[PDB]
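First, one chain by itself: the form solved in complex with the ligand, in structure tokens.
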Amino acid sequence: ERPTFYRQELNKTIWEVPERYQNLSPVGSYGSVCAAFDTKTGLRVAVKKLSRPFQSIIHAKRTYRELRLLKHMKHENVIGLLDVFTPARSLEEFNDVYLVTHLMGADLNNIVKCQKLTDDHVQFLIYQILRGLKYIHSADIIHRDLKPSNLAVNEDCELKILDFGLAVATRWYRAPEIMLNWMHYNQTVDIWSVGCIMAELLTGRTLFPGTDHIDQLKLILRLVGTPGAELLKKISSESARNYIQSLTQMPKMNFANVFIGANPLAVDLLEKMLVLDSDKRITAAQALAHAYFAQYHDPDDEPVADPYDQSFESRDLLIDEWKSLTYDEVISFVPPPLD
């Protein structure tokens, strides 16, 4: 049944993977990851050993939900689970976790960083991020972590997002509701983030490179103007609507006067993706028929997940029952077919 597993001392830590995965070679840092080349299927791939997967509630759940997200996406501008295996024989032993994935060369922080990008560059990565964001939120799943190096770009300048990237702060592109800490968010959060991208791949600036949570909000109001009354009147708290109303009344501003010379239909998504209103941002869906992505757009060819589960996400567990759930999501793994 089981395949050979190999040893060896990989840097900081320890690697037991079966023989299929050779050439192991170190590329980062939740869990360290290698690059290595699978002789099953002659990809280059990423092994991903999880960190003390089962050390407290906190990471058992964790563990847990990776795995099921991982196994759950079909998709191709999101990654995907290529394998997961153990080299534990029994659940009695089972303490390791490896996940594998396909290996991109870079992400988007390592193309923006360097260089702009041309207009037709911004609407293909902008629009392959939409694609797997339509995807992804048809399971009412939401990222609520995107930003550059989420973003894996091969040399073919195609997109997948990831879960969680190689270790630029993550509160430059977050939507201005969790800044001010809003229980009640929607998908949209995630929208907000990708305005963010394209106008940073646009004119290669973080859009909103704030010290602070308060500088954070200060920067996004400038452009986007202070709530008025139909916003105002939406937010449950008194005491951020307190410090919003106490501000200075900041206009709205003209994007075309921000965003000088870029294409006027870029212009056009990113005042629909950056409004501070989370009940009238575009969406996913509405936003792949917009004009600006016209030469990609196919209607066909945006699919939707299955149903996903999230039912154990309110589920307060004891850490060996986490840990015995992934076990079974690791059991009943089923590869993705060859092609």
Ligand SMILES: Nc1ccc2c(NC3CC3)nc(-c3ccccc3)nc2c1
Second form
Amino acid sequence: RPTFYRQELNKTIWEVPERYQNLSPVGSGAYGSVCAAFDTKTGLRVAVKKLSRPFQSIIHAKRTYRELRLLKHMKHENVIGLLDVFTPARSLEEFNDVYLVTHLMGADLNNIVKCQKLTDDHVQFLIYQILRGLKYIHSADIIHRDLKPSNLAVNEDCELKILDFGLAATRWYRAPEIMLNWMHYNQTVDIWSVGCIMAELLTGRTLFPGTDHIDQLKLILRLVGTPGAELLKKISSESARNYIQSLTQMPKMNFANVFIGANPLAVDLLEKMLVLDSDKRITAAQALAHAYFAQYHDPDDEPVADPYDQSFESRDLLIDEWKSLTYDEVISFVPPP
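Mind sharing the form deposited without the ligand? What's above is the form solved in complex with the ligand.
What comes next is one chain alone, with no partners or other molecules.
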């Protein structure tokens, strides 16, 4: 057991071992607060996350076990992986703090579009890596649900890593079915997000930069028109169907007229991506196979995930029960070489 040292960062109590040094807060990191630190041991720049009130609510205690289980299973280049997990606790009886350690990422895609248009080969490399990462996550029966440039991490070499997966001016990449309560969703809700992101990289501007839920939707549709005949029947919700008919009937717009000068194959993929029909929306594996990624697509170098036991998700257990399962996952952790 290493020696732990206490410090106060923006009125937060941080008790970390005698290896993580010069802790400086960076951003957010779902269900917690993130710090940039220097790991003695390896001599690397790492990211340290302190989970916020891990065992204070039923939703938190369940989410804490969920997050730790995900990080211990993720073994992929385009997916954030777990380097270390610690607690200032000696016994189960004093376990009320959880810390997660990962590699420190250079930047996020919110700055990688900020004020300049990207080259077509740059977009190709970024989107191919998002898709490769999503393919692996989806094969484990996990979906991001809140995919945005904020949780897409890049380094100096443009080597991408997906963050904050499987836990869920912000909802600008939200899919129409998981917003307008349409047909019982699938994994391609993330393909919609990939589509909105790809468009943003090429144009340099956000595709649907709404101000509220009503605006966001009018904007999505000022480009895909209104659902037509075969699709209007598929809509399950009695409430939201009243709004679709309330909207002025918009036609489907040509993506070549909005994405001017852009690669014809990039237009085709975006059109196969930004499909209102969740049933006909292209999958991560199918989108990798698309002609646009001819230079990068390798079926032999696009691995699928090992079986992920998610049976705990159907389990309704008490805080102290979830607290116990988490503690065993902290002590059973094998650090990667």
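Numbering follows the first chain given and starts at 1. Between two forms, the rigid core is the largest collection of C-alphas that superpose within 1.5 Å.
Among the candidates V267, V153, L162, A240, displacement between the two forms reaches 2 angstroms at the C-alpha for one position only, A240 (superposition on the rigid core).
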